[PDB]
Amino acid sequence: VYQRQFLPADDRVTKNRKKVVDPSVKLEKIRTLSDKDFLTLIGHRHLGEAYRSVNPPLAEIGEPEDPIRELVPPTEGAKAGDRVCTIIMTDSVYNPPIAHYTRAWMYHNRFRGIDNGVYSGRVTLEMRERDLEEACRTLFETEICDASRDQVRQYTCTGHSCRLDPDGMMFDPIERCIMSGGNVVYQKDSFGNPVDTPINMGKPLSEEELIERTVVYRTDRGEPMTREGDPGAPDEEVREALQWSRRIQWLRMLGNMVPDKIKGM
Amino acid sequence: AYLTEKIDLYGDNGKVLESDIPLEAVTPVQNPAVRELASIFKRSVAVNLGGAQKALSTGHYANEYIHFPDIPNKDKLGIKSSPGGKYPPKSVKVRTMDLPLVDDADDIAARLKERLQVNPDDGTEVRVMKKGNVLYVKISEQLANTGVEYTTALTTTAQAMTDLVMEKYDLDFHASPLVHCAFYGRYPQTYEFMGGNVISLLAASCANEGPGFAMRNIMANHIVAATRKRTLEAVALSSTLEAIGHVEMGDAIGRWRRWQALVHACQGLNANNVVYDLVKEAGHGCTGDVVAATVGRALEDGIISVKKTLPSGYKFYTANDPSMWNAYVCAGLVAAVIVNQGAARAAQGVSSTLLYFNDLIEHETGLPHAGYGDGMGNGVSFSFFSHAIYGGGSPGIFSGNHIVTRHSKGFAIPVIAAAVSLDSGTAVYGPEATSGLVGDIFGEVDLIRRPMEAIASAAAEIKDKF
Amino acid sequence: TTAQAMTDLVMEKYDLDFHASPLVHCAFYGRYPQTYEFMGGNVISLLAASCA
Amino acid sequence: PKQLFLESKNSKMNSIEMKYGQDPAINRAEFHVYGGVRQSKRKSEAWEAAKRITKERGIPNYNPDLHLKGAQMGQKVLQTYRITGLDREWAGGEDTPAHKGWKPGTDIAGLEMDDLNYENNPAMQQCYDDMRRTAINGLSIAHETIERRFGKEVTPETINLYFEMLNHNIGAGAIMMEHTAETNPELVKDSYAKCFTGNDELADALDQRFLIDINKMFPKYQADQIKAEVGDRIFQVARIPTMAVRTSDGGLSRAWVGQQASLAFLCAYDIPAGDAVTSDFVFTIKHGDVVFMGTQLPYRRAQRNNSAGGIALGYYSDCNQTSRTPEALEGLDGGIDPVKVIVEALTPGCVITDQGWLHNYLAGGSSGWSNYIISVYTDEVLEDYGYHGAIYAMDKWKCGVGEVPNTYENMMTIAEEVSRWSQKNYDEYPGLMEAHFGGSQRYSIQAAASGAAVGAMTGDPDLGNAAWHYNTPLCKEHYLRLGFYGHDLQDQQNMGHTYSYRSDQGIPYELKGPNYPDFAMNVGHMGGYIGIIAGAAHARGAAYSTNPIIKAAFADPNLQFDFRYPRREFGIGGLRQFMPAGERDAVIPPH
Amino acid sequence: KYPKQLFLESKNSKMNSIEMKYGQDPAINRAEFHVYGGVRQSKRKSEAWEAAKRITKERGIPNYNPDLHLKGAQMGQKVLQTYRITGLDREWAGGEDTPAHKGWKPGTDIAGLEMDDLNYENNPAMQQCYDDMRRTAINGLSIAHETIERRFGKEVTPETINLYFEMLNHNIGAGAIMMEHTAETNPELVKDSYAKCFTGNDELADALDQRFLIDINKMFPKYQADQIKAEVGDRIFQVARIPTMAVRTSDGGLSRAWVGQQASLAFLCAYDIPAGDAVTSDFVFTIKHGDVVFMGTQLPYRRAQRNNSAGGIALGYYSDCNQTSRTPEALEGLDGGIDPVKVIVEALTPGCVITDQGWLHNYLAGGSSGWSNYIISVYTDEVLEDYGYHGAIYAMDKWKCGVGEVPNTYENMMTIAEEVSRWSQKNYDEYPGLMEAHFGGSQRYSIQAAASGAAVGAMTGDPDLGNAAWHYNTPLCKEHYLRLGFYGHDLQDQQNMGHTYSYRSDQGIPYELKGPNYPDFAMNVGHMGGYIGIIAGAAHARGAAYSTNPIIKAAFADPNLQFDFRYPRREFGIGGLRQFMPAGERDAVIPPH
Ligand SMILES: C[C@@H](OP(=O)(O)O)[C@H](NC(=O)CCCCCCS)C(=O)O
Ligand SMILES: C[C@H](O)CO[C@@H](C)CO[C@@H](C)CO
Ligand SMILES: O=S(=O)(O)CCS
Ligand SMILES: O=S(=O)(O)CCS
Ligand SMILES: [Cl-]
Ligand SMILES: [Cl-]
Ligand SMILES: [Cl-]
Ligand SMILES: [Cl-]
Ligand SMILES: [K+]
Ligand SMILES: [K+]
Ligand SMILES: [K+]
Ligand SMILES: [Mn+2]
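Protein chains in written order, with our numbering: chain G, 1 to 265; chain F, 1001 to 1466; chain Z, 2001 to 2052; chain H, 3001 to 3591; chain E, 4001 to 4593.
If you're looking for bench data, these hints aren't it; they were derived computationally from the structure.
Each statement offered as a hint is correct.
Think about it this way: if two alpha-carbon atoms lie no more than 16 Å apart in a straight line, the pair counts; the simulated EDC-like pairs of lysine to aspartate or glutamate are: (1) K4057/E <-> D3095/H; (2) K4398/E <-> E228/G; (3) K4057/E <-> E3164/H; (4) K1086/F <-> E3330/H; (5) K1015/F <-> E70/G; (6) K3069/H <-> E4180/E; (7) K4398/E <-> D230/G; (8) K261/G <-> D2015/Z; (9) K3041/H <-> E3112/H; (10) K1086/F <-> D3333/H; (11) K3055/H <-> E4188/E; (12) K1308/F <-> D235/G; (13) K261/G <-> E2012/Z; (14) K1308/F <-> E240/G; (15) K3152/H <-> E49/G.
Ranges of calculated distance between the beta carbons of each label pair, as one might list FRET restraints: (16) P73/G <-> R4030/E: 47 to 55 Å; (17) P234/G <-> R4040/E: 51 to 59 Å; (18) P73/G <-> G4060/E: 53 to 61 Å; (19) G4060/E <-> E3157/H: 19 to 27 Å; (20) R12/G <-> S1019/F: 50 to 58 Å.
In this text, a Cβ means the ideal position worked out from N, Cα and C, and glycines have one as well.
Use the sequences and the hints to build the structure in full.
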């Protein structure tokens, strides 16, 4: 089997991207959530509640003879006929440990049986309910979730690009998160509904810790994708992400003019 | 010049169907089975006798909850219909009639065939189905080729049904508009035979996005219903319809012809077993495992090579054969949908796989994805318009003629067909809802339901001509 | 097919640069695809456009 | 009993004599003695305004002295008009969104031709705008997707919240998002959404502000009929802003409601932003379970849904609401009055198809072709001829409306008599012949009256309209003239096409429309057919002709135009007393 | 070597457009939330809530109710920002009274506008801009005059043409000429409807009644007049504007039909042709089909339209209806040199508003928002302005040349795009208040792409290459931020990285003749107006008077138009002040209100 390289990784920012998207790299667990709190935060089902179904169990629906389908084992949620549920997260522009396109790439590399949309202000992940629950353990409990910069929110999602609040927290119009005794805590679920007890996410990272782990380039901290002396400079003098960007543009342009034009380029 | 390079055609079970086939022999301009597929779509219609009978009987003509009311109890309504109530109310029956069309289906089929046939033994066929509720009609090539349009089966069948019903039951003058409506619906107030009872697999001939798009205006749900959800046969039907459409659009020409032919062969006909092999390798994994399998297979087959190693160790790859690289990305794209949407048995993520399989390929290789932008572009548009308030719908309602999904040059709709085939019933606008009659009636045509083996056999028959 | 073949063969015969692609296309197709018709183009049929 | 055009039934006005101050039986008039356009208040005021406009903008405009060869318009009397039948109304006195309640029975007389020009008459424009800004949908699929795909129960309470949210967002507001632009409520106060259902228990559980109440709007027998068709289903009727369609087309309506209804579902049911179920809502609204006023049109006259040219004749019939008025239910000495239904339904039918569509889409100019069509709803002329045929037939066949056997022979007999009566009156009253100076008016009127009588008396809409076309030889062989150059295209050919089944010839009248090729060009016809379809159904005891969903969807007192009493409404616009929707006062300088 | 950013200091009035939104330094990454009173911070939304209460009581159905906002959070948990129209402090001409408003004092700013003031639904200047486009009918008259001279047998002279135009100005809106007992339209309702002509023959122009003339010599600077007159030649073109009220009852396809009727009548009446003579049909056919220029072409069935819908208008026709190209600001605004950037940023304003709000929203989708904040961002607060001028400054210094003169190589396009992308990102990254102002990624992404294309188009004169630079911004934006725009933003950007220089059937087409029916462009906001501006500026920069159609350019050089096509940003601001009087209102025939 071929060994993936994923993306050019010539600096801390892009090496952080590669770690997030490479499924052979374990994402470190940085917080613990009780099963009750975890399910309350998601907000689709509470502890002990039966899974809802959108269709009968797979073994009962009479799938046709189909050799290709045989090669692809269904997930547990697919076998059960679970409804397909959505979870939404938002990463601030201010030095998050994961950002929006890295979520898509990570999801498609680490999780089976997904739907997923990338937007500037949020990212959706839509999976059979039990499968979604398993994925959310990674999304909520590991190093890709800083409590102050990567938040769960099903709608009224504005905040990724807003200024940080006085505590360094990303804005939430519905106020599902609040900073309490130095901890980030969800005082409402992802849907903005009341919770019996707030869900403690623990401490946020400091700005220098966020910067060490961030996947975004930012000009203000001295790490833009394109530095002042990079426009038009030879490839060897610019970041590998810009070398890659230039190549994709040249090859899309020439190849869509006449495909043979990119042979050997 | 002929596309002489040799490919092997494999079935969906991963076993070879025909070996040593010149690419030329699968193209729509040459392959007799591909050409017969277009011909059957052009020449076949269904007549819904049960629907026509019901419309006439109840007054529920056409669509949109239309009802021409006949009132059999006028004297019970509490109204006077004469000044001072001088004369008691009397009911009339003026918009409806009971004709035993379903019970008479066999004779109706004979009368229809005689009206449609041009010469004895010309190939005109009428088959009674659903215990008389539906007729399958295939007009002769002689009739169909008289002029220039593809609508002749539709138009002749509607008029022949109307004429033969008027004659058979010796109906009075009042019946003419009503029997016409039973078959034609709202035509000619509408261009379509809207709400009528003569059905074509093709859309109305007013509805193209551009010249040559008719074979593209066929919903994925129709394709899945007609192939009864057998994933790669749905892929093959969709890909072949797209291949015909791209000939008719003028895009299978000159320096683009090989590129366009390879999309069809590699994504649509499991050429060299690539699609099957990629699914087999990666099926227990994720979209990204198909990315790895695709790049590995391209390297194994010499399609790409390392071009440059950057100081970080990242390697740009070069396409030794750009059109074949594109075709391998297209094969990987359908395999990725099969693995990702197949694991979930849920079609909706097809749009995400379309986008991110291609995005991952570019980040992995430094080579352009399928269609130089179109694969990702349609991943974006299709994702948006299957998850937002603005328009669109669920995956199965899209087609090569839909504004959201038309742009990709032949390699997008087949992955929709794959995803919808694999879906366990998570939709409310699934093939059963939009395409039930289509699947039940036109799915009986072997060439429509099971095109792969027919295309391969036809290619083998002509292989020595190139 | 004639419009595309003319466009491709002219681009090839004169080995034209990338800038020429839209302009040579316009020379044969006119305003297509902003118009359904090959409006103001230089490939003519006795039949009308198939939208009409 | 005098003809209605010489003596209105209750107010006793002589509509023809009022035009002249002379006995209309006298074949004598003076000409060239009226001062040209000075006899007209509107044209004289227009000339004064035009002089100011020329001064302000630097380009001349209206100038009556340009009229050919030194002859100003008005060398004969420029007649005024009286709206037919207003003295015979007794109901419909409610305040409406466009005007304070009309006092039923009050006449509108002395209107000038320019007061009944579509360009000058906002009641006529608003009638069309109300049709085309309407979007109608079944909600069953949206509710099914919520219950099964999303997993949440639909109840009367969630439906009420959905409708409260849709009434907030359809015109003005946002619900889900931060920092979102909104529309000034004053500009969109005519936009709202309601529903109806055949399930009385559900209807009674909803907030009635959001309900089109079939039981309240319709008499019992009609409510029964409509509810039986609707059944245990909910239909939504949404009206988008008049201002919005005036920036674009009626095809906006299903798209706009697609957006806003989708949002109301997301917000009432707490669905995540970007969940796949969202696409089911917009698809249902735009395509999956939708009723349109108009279907799309082909390329030469290309339109999306909800243009006037796409509206089937029977949909024009059924949007009219005269069928549920007391006048239509008891106006023939306690019996139903299908003639009232015909003559009212044909008023928007003629004005919208001829002025709104053939003129204001396909041709145009400053006239609105207004006098052509004014003739069909003024001065009791068509009214007299239509009632004459009904009375003749009731007496001859000894039956009520809707009950004469629908034979071709009986159609021809009634047509021959109504043609005869029409010609008798035009021949015997030179003032009437001069009032309806265009042959087309006189020809359409005898054809319309004939078809009205046959449709009302047989209940058969195709046979009623067959009688229209039979008037062609009856008119031509008497007078040796018909109408304008191109009038009898459809009349000549529909003598044959009515009972043809050839491809583009056969089609029931209910589903014909302005895209039936015979009808696609010419004034003076389609509205008559529309009235005949409505009256034929009324006469045989039906609550509608073509689509019960359309009939119910227009039974709505919040509509800007009063679809129950269109002749009255057009007259109110002629008095400049109809306030339309869609004006931009809230956001423009004082004026 | 870069000046202080225009979004922090407007060039002449020295306003800080971003600071004004907050009363806080926009460089500071700190804000308080949930302290603004929700919608109470907005004058328009607060006024709207009060109006809504009255409306509910009158009609018996509730309407606007801010307390329905989800989960108890009213809109306005953050600042609901106000906006300043870009560049108004740098105008010095265009102070004439117009049909819609008394003369603007050039140089006067419009600041503090609320988002709802720049919603197409609430802004009559924006609606009237579209209405003026679609109510326009343009025709050559040569064939009508030929038919009269040969078939009918009567000479056409300046005197007969003048009578024809006097009659057409009587009947186009209001009156009748030939017939007795004919209804007419109230002149007050149609005072915006009129007809004019233009010609390249100066002797003919001088012989005509000047009230009916679009005077190319007066409207355009000499070099532009020369170019336009050379194309028009010794021909007469008619420009007729039907009533705004009329298109608001129907569609822009009415225009050619309506003028077909009224022009035919004016020919019959000026030349004394018998009623029903066969020549009559040549007039209407000429106007509708035989010698006709449309603003827009027909659209296919899914989005079916006759002529003169916004979706049928080619990008270059949007470019050329704009009239900024003939303003002093565009001719001398770069220290005496031509300013193609001013042309770009003005032309893209109706380009974006009409295609996105007028068309994608008010035909294809819709609702109460007008998608207004998305598009307001491209003509306010000097943000796009700063980035576009930045690229021009960079390029003029690097290549030591003027506008329109950088060699149009792919390498040069990529260099300029890389710098403009870089500058855009530097400013969004360094100014948290600016990042929050342009809170939607689409605004920020379109703005860097538009600025890049503006710079390349202005600096090379090449419209296809300028628009190529737009699409190259996709990886430059995505690989920096790891986010782009809304879910469906980058359909066209991804694919036009390949399609720009493709010649496949429905892929290749010059930017001038692309439009909202080019399939890539048919769905999404935030793009088409940018391309429109770039096309206009590229032509301006290389010395041309128009980009695509000289007849369109001349036809909109008309002070009797309701909308001022020279200064669209200003006009939209005037509509935001509720100071733009549109045409088409029905005051003359409705009750006191
Ligand atoms: C997709 C398509 O809608 P349907 O899927 O056919 O309902 C199309 N609308 C649009 O393209 C809406 C465009 C504006 C909304 C998105 C703005 S980014 C149309 O009306 O034909
Ligand atoms: C993809 C490759 O790096 C592109 O190379 C260009 C920079 C130069 O190539 C052009 C000039 C000749 O093909
Ligand atoms: O004189 S014509 O009959 O052609 C036109 C009548 S409006
Ligand atoms: O959230 S989506 O990007 O689908 C729509 C943005 S207006
Ligand atoms: Cl549990
Ligand atoms: Cl059809
Ligand atoms: Cl090749
Ligand atoms: Cl063509
Ligand atoms: K109510
Ligand atoms: K009979
Ligand atoms: K002038
Ligand atoms: Mn007003």
